[PDB]
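Colleague: The lines below spell out each chain.
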Amino acid sequence: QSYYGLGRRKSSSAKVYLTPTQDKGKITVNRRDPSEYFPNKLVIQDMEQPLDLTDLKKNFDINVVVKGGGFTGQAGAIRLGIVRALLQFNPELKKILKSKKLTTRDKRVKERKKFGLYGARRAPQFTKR
Amino acid sequence: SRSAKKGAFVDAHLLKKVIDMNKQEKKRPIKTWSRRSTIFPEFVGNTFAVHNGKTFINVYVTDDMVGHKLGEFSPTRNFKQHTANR
Amino acid sequence: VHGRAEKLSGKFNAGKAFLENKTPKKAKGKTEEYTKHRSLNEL
Amino acid sequence: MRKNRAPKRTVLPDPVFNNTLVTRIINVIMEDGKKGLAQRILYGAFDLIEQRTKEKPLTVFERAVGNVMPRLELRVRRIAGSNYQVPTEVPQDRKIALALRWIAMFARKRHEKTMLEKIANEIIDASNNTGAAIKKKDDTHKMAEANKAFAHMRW
Amino acid sequence: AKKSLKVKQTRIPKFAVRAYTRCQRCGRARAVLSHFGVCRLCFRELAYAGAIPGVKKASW
Amino acid sequence: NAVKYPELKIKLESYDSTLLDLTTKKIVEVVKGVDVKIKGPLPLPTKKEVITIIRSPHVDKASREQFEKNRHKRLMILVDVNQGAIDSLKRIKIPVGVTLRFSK
Amino acid sequence: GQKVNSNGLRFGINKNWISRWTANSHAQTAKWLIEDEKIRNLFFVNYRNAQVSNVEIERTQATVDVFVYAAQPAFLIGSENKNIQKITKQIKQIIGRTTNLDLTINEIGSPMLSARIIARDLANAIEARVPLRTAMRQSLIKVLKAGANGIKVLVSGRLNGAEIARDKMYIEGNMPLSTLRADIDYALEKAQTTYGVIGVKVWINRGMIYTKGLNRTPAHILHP
RNA sequence: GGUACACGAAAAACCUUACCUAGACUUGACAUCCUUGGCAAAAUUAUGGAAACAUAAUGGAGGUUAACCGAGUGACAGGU
RNA sequence: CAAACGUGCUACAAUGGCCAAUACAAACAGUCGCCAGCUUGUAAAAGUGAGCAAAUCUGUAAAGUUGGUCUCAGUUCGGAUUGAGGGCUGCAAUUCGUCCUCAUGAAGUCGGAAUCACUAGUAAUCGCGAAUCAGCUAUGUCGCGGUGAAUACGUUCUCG
Ligand SMILES: [Mg+2]
Ligand SMILES: [Mg+2]
Ligand SMILES: [Mg+2]
Ligand SMILES: [Mg+2]
Ligand SMILES: [Mg+2]
Ligand SMILES: [Mg+2]
Ligand SMILES: [Mg+2]
Ligand SMILES: [Mg+2]
Ligand SMILES: [Mg+2]
Ligand SMILES: [Mg+2]
Ligand SMILES: [Mg+2]
Ligand SMILES: [Zn+2]
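Residue numbers (the deposited numbering), protein chains in the order written: chain H, 4 to 132; chain R, 2 to 87; chain x, 55 to 94, 98 to 100; chain F, 1 to 155; chain M, 2 to 61; chain I, 5 to 108; chain B, 2 to 225.
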């Protein structure tokens, strides 16, 4: 009984596959060690906040495929992808995640640059005199 | 700057005149508008009248001026003193 | 003690050879053909 | 005119030390939007605190930061012009915020070398209530008692 | 002196680098769209009339 | 029975979208009225070009509106056609806007 | 303040394009855009006594099709189909003999509620020294009696030969300009007066379009 | 002034160019209307040329004048 | 060009400079073009030469991660200016194109009075693409993504 999740963040897709196992979860991102793929910082943990507060002792083997974005977007994508796969195993479990808003799209994307502006909403330096 | 394979550049109207003018002993100023042609060894000894924009300024080439452009040894604009605005 | 001359002279020789070589090979283009909008092969 | 306070970006969870304040100060020393560089600076400086004082860095960091916390704040009101500083009690959230901004600003001015040793030296100099952040807190504190008279009138 | 400038642009020059692109409806020389051969301010009236198929206003 | 054309890859593109959807529906309907196995009318990414032009005639570069022109694109590949399909393919009449890229 | 062109703001949403063709390359894309403009202007400037409301152009690799809607096509047709061959030869000279022309003079229904011929009638009255108020009142009431919605006429210029330019507006009904779903027809004309230039702008409302679609549906061609 | 000053100009070596100095032209480099013919303009090679332009050359697609190539011709064309 | 102002770029640096290895985008564009690979070259580039009329082929992502070095100095900061030799476009590069290589190494160590922008995928910042264009110190303009903050107690003052 496998589980499938599709996360997204900052234009970065994610396909997370949850497989039941009892020999250590052995998290894996794109067939490569996550500690070599991502920066050695809480982001490597940022993906495990919902796998922490509930549990990770169930040793779910993680098979992550992400194609797009940077690293925070990918981490957010796999977090969202991971939570959506968790929403197929144990209803009580998938709920106690919402108690922290970790099952909602962040809705934050880069805005479009506007003409006459040095950015989305910025403006040239103003000179009155 | 200018490539090697290409080499130098003269308008070839100046070149034909220079060959004729080097053969003729009694040389007189050569009136050329081509300030863009570079000075080639055969030009040496002749005198030219390059168009500065208004008149034809006379330049006497030597054994040293060889290589640069014919207009580089003449001016185009002139500025020598401002005037107190106040 | 060459005092310029020799090296710039060779460049001038190249340029004079270029100038005397000049062949009127005036042209304007490169790749050619494969320019259409197709149809229903006969409509 | 606003008369409205919309959601104030609320986040606290911390991993290495579970002290929200660590995340706040990371963002404070942040420059050019590089999180990894600033986190390395803090963690290496925290690692440097183990080798000298032989105590827990979080306990030392709180003891420094709790010591830096000011109490009175002198704001600006109009009276025929300029301002006769009126002392007001700052809320706890801003109180910590002013402390964190001050620690970093005085840390990035020390005669020391890499900010690792710099901020470490600055924080350790503030755990013994004798440093540059203390003097500023002392200065703002000393100025407020002198301008105690105008505290009753605020606006 | 515009029409004469327009006529000279139509005629082929003696050097390739002597050839510039002018607007084809009016004679404006600067700000010409090579994708359409039309300057920026002639392109607006035609686009606002529907002469160019598919060029609709953008909302992004 | 014959084929005479293996792997007929018809490609459609147009500035308009609804005409493109209507034309693919008509093409599919005709091609299924004859004996051809359509792979499927898949959509391809639409190439969009945007040109930014100053509204004002003389001054005020800041005020500049924008325009777009989308080249909607679709693909449809026929396996085997034969005269039975090909002869019926001659009477289709594709509305001008739609552009065909038959590659045989 | 300044407003966006009413016709141009509604193109590609509720309004189709007047010229529908796809060119091969950017060099033939410029010729095919100037050629229809010369062609379109020809119909409107001269051959004006006909009240030609709109001309659409449809071109393929080599076949040119012209669809001209008019209120009185007799002037185009001429005496026993005379003027028509002439205009055809004119059109052929403009595009080129190497192509195929396919004129399709179509008579128009409900000619009034079209902003083109209404503006043309307004422009003719002003050039004929007719007083503007009187000219305007007759055109508005006749259009309104035809059974349409509000009409908006802007007549800016050296009004009545004056030395100081003015502008006169005249609304008569609901003109929702901010709405995209409305069927608003817009046209602009240059009245050439002996004292200068007069700008006439006509906004006409022909109901509400509740059927989604990039038109592909006859416009002011249907009858009452 | 805000509402000009990386603005018109989303590309000034030549061209662009509207400026100056010069060398050349006059129903004109472009257009119509009229009396009138079309048995060309090009491009390119020569010579003189700063290049305009001149004198000589292959005399040119075509379609019998369609378009243009012209003559004659005054209304006029032209002006950033 | 004796000068003054506006808008930007580059800096005054170890939150960094240099060297090596290396991971992750989106959008757009392309047959006088994109140009892979190969050969030559200290390099700009040249030659050969496929592939791509394009979800196919091409347009090296940089910040970021690790390792080495520099040890606070007008410096391995900073690049101006200047000299020479090369490459490309183009009839043609002196007035007046830009790129590379070598040589030099101005000022500047956080900037007075006074001011500008800004309430999240935002400031700050790192790259990428397109337009006009033979070429162009566009550091400009229009767009795309990577990382990604702080603060808002309140209307007493200030401008509208
Ligand atoms: Mg004019
Ligand atoms: Mg040019
Ligand atoms: Mg103004
Ligand atoms: Mg010039
Ligand atoms: Mg003949
Ligand atoms: Mg004849
Ligand atoms: Mg592939
Ligand atoms: Mg490579
Ligand atoms: Mg340096
Ligand atoms: Mg130079
Ligand atoms: Mg706001
Ligand atoms: Zn124009």
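Simulated from the structure, these hints should not be mistaken for laboratory data.
Treat the hints with caution; some may be incorrect.
To be verified - As a list, the in silico EDC-like pairs of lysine to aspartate or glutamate whose alpha-carbon atoms are at most 16 Å apart:
1) H:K13 to H:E114
2) I:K108 to x:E86
3) B:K4 to M:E46
What the hints assert, rightly or not - Every beta carbon over 12 Å from chain B, so not counted as near; a handful from chain x, in silico:
4) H56
5) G57
6) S63
7) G69
8) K70
9) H91
10) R92
11) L100
Heads up, the beta-carbon is just placed ideally off N, CA and C, and yes, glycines get one too.
Colleague: If a hint holds in the structure, say so; if it doesn't, say that too.
Modeller: Now the hints, each set against the structure:
1. Restraint check for H:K13 and H:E114: the C-alpha separation of about 11 Å stays at or below 16 Å, so the hint holds.
2. Between I:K108 and x:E86 the CA atoms are separated by roughly 22 Å; this puts the pair beyond 16 Å, and the hint is violated.
3. Between the alpha carbons of B:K4 and M:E46 the distance comes to roughly 14 Å, so the proposed pair stays at or under 16 Å and holds.
4. Even its closest Cβ contact with chain B, about 55 Å, leaves x:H56 beyond 12 Å, as expected for a residue assigned away from the interface.
5. At roughly 56 Å from the closest C-beta of chain B, the C-beta of x:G57 stays outside 12 Å, upholding its exclusion from the interface.
6. With a least CB separation of 47 Å from chain B, x:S63 remains clear of the 12 Å interface cut-off, as annotated.
7. The Cβ of x:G69 lies farther than 12 Å from every Cβ of chain B, with a closest approach of about 37 Å, so its non-interface assignment holds.
8. No beta-carbon of chain B comes within 12 Å of the beta-carbon of x:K70; the shortest separation is about 40 Å.
9. For x:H91, the requirement that its beta carbon stay farther than 12 Å from each beta carbon of chain B is not met, with the minimum near 5 Å.
10. Annotated as non-interface, x:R92 brings its C-beta within 12 Å of a C-beta of chain B; the closest such distance is 9 Å.
11. With a least beta-carbon separation of about 9 Å from chain B, x:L100 fails to lie farther than 12 Å from that chain, contradicting its non-interface assignment.
Checked against the numbered hints listed earlier, the structure breaks hints 2, 9, 10, 11; every other hint is satisfied.
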